[PDB]
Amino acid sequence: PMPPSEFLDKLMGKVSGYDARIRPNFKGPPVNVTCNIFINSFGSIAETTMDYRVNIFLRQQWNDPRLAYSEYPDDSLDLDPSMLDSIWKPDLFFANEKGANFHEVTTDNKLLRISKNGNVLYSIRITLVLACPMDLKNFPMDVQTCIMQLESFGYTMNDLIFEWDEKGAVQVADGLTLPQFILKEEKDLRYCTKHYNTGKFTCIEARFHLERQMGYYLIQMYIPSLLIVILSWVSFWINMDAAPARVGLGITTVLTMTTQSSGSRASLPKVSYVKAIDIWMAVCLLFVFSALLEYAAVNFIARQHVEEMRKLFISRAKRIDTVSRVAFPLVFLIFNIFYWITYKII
């Protein structure tokens, strides 16, 4: 009945000439390895380091005609992963690893099954900390495109070709949510074929389009910088001519808008360009700074020093205080319309 302890060593061992150092179809057509991944965990997307951690099931399917059995009755043999040191495997790697490891808890998390014609399925669990460049030109409203690319290191294009399969080449887990982002359904699958001075090597890559949850930044950044603009408008109502508190209220609201502007970039990389949260915290810094500059313009005109004109001399300091009480909720309201339309039109 061909006991299965003998059939493993009959097709892999010293007999039948199977050498694990030699690729299938040697000096012939190249090996066509097709791939698809299953993302278990996604996230911890850091921005100071500009990386993200993923946890994938890397499945590889190729054809090895030396492993094609004929006498065993069934169509597949799910095997022990101690056999995987004795068959040929493609030398796939990631061009943006930045450190990666296997999982070896209670057994090496590996899979091997061989069909009758020689089709070999090889599934391993890999934890990757993949590197992606962050384009933060409009920071709370951006759509990041972080990629992962699967190259060959030892075999060139005329020996080993990587492909995606047409039957859903990237599967995602059922309840995979992200704390700061969402993962869009459309995932690009293009080629990234590298040329070196050694040769040309195969490469396939999958783009992931991440869109931010803006609802966090409306709680910490935008609205608590919109309250302090209202504190700069409290100073336009008290006593209408001169007070020490109207400097002191314009003293204090600059302390926040300097600290909160520095506090808005506490967990960010040191990019050279200006971003969306900067030109909100800078324009709202002006409307705080122009509120103190307006009262300084009032006190400089009120403390200027007639027979009839002394009633008009207060009307030179009161007409300024009734334009600045009305026009600043028009200049702030025309910037607030100009800001969000510019960043919702992307």
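Take the two forms, find the largest set of C-alpha atoms that superpose within 1.5 Å, and that set is the rigid core. Residue numbers count along the first chain shown, from 1. What changes on going to the form described as "closed state" in its entry title:
With the core fitted between these two forms, just one of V143, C132, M240, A169 shows a Cα displacement of at least 2 Å, namely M240. With a cut-off of 2 Å and the rigid core superposed, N25 has a Cα displacement that falls short of the cut-off between these two forms. Positional change of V331 between these two forms reaches 2 Å or more at the C-alpha, relative to the superposed core. For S123, a C-alpha deviation below 2 angstroms is recorded between these two forms after rigid-core alignment.
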The other form holds:
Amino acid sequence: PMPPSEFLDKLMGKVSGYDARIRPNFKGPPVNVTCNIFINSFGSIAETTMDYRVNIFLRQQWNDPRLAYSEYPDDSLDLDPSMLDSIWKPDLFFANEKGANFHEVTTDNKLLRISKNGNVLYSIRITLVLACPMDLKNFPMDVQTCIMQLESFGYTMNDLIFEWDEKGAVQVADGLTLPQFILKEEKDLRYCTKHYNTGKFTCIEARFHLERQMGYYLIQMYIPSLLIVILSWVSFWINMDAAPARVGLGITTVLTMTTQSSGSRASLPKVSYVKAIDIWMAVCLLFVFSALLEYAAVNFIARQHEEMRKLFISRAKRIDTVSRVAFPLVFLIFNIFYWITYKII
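Follow the form described as "open state" in its entry title with the form described as "closed state" in its entry title, if you could.
Nothing else is written out below except the one chain.
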């Protein structure tokens, strides 16, 4: 008979009145576009720009009764992407694009299949730079939720309706990792139905749960800031009269706590509000700070100076055995009131 590329020019040409600027079922029921995506790549979750990029296969299915045919024998036709301007396509856009583009390598990466009863499959390949606001109040112990919503732009709710299909709405490719986060296998699928002063515009969204890994911040930032506080408690076991040994220990410890803190503020993000890791590196500074000011109290009582001269040594050794036990206990109370309050949020 006649080839499919010439059959579609007969179906959508100047004859048959198919105007590509008019939706199907015009002045009637709204077009029911069903959508499902397929994530190929997912990463570079920035926290200064607060965005993340994704590389999807956006599939769209709707019904168009003007494209139904019965003369041609085979079931599923296909339109070349160069002739794609002669099809009513839904004006889908992402409500938080923040920049995006298509792919045009060796062929426009666009697919169109017109079925026999009028069903139309439309699959394209988009690289998105989608934006999600991130809340870094508890920085190592956080669970991020970055949304992905698909509004309509020009058609209102009574003309065009988006829906996720009932069989695998959001898939993820198998071999896909992240440098910091992990992607949970729990995709929430819900409506949003945006309102304006213009009208009710449809939208569907898919939420992704991003859990941050921990093992770098414990090994490099919590454990070295733990051992420096333990070294600051060695001063309680060294003799009281060894005066160059005590202040040489108490201040080289607050120097290696400052070096550990300042050396790791470049690896941390640059938000301007107090994190979880920022509290830990400011309270572990206090336990090294409060372990010299006891020696400012120990060496001053012993220097006051008959049994009255022996009483001041008897009080300086009293405060050297209280704080020998109190500082490994007050730091343990903080070590409980820090992890419990961040495993509960």
